[PDB]
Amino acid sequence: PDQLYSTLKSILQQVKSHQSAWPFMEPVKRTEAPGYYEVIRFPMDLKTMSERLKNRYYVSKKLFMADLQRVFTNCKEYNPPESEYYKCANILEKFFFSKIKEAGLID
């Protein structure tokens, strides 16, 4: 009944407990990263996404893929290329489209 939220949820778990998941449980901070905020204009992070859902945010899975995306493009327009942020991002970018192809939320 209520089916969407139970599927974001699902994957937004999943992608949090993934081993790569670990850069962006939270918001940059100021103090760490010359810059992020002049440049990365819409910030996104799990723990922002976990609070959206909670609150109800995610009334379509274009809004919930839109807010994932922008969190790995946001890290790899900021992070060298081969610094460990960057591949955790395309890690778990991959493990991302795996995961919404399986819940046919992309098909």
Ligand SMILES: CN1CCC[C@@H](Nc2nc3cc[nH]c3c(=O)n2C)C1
Second form
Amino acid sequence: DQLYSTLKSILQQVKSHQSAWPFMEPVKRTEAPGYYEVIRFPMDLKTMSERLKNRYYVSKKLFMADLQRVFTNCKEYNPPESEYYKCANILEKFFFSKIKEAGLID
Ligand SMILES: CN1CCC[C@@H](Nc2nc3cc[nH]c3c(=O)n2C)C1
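Moving from the form solved without this ligand to the form deposited with this ligand bound:
Then the entire complex follows, led off by the chain already shown.
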């Protein structure tokens, strides 16, 4: 499917970005105790990859929602001057640029 091919490319490019390291896998309780009592809807790029392979992203408004949740979770949990917050904004920019290059639209 062409939609699948585009999203996989976009996601793979996001996963390769230098600023994607805080979001590759789910937050661990060891890394942030009590995280999962504040962030009701966790999301990460591994979870997104599996969701892509399982064919859950039948639309753009969907792939966007999951990836945006990653950023909003980080901005809600962390302060603006932490490296996690900084990484979210850098990666968000890159993401939106990649969305434009592909002309991905609803
Ligand atoms: C799998 N692990 C590897 C290590 C980094 C972790 N991601 C992460 N950790 C902390 C700690 C405080 N705030 C955050 C945060 O916002 N994030 C996204 C994911």
